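To begin, one chain is listed below as structure tokens, in the form deposited in one PDB entry.
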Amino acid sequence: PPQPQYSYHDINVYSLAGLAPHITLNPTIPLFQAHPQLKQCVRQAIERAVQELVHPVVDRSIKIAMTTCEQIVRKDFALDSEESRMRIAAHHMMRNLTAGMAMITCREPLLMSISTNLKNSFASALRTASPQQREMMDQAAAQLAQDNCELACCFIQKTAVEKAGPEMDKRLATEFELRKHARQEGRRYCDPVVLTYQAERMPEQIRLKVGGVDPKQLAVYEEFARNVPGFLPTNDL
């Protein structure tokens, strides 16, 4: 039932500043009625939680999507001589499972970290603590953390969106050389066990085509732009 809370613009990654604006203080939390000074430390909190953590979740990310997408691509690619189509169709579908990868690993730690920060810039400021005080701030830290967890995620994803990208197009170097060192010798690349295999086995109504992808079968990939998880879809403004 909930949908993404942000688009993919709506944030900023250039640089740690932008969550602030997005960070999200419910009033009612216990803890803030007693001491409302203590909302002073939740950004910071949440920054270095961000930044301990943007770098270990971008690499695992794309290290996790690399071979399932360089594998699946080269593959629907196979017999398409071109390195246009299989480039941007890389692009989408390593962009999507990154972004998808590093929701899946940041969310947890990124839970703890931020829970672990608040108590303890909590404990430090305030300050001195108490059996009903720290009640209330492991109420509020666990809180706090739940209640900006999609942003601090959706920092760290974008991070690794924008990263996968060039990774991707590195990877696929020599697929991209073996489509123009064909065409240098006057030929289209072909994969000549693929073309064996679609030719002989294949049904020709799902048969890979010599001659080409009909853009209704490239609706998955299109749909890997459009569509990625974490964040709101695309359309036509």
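Basically, rigid core = biggest C-alpha set you can superpose within 1.5 Å across the two forms. Numbering follows the first chain given and starts at 1. What changes on going to the form deposited in another entry:
- Residue shifts between these two forms, rigid core superposed: of 55, 43, 180, 207, the only C-alpha displaced by 2 Å or more belongs to 180.
- Superposed on the core, the two forms differ at residue 29: its CA moves 2 Å or more between these two forms.
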The other form holds:
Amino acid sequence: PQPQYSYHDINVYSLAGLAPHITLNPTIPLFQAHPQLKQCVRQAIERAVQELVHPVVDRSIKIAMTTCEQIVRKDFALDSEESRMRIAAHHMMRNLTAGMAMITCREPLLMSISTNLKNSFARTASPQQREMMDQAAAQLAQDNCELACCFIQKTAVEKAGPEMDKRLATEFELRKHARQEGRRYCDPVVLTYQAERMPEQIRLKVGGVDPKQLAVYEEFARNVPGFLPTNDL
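May I ask for the structure of the form deposited in another entry now, the form deposited in one PDB entry having been displayed?
No partners, no molecules, just the chain.
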């Protein structure tokens, strides 16, 4: 596939942030000789997001949260710099949240956009006249759904930050607390396991983390599912 809107392209302050990015596609089966019904579509697109943004954001957080924490804590167990962990945690979190958000959103949104459109209730059009309204609605549902879920995706990522900072608040402390004692934090069970039962070539470096090894957590920020790549390499 292909994207259309980068991360910063859409504002989630309000549903008005949707409004500018909706594509028109002016060739239509209804709006021609009907300038009045172009204008039903915006409230329906927002209608679908407003009923679906909250329960989807909470679920995308739930699945991605426990996974990212145990993986980031395991990888950065020997690193004593909490700022490097906080960066890679939010990187992987931004990615895993946007992914599980897109899985849970699109098909409900595809059917939430068009059904909400309705158009006729706000009528007496012929059965052939109804069809060309439904074909225009099911199309415009496919046009603007990428934007419609990109909205719910960004909402979950902006809410994932504070929740991730809560569960790593434990791990963020032992590296600050050990720093006050002039020592580097090193998870004692990981230190024993890597030394006693792990080959060197795969062994976790004690001091910190190597930049060639950060590619996974760095690409977690580069390629975000559903959006443009940013600092692509």
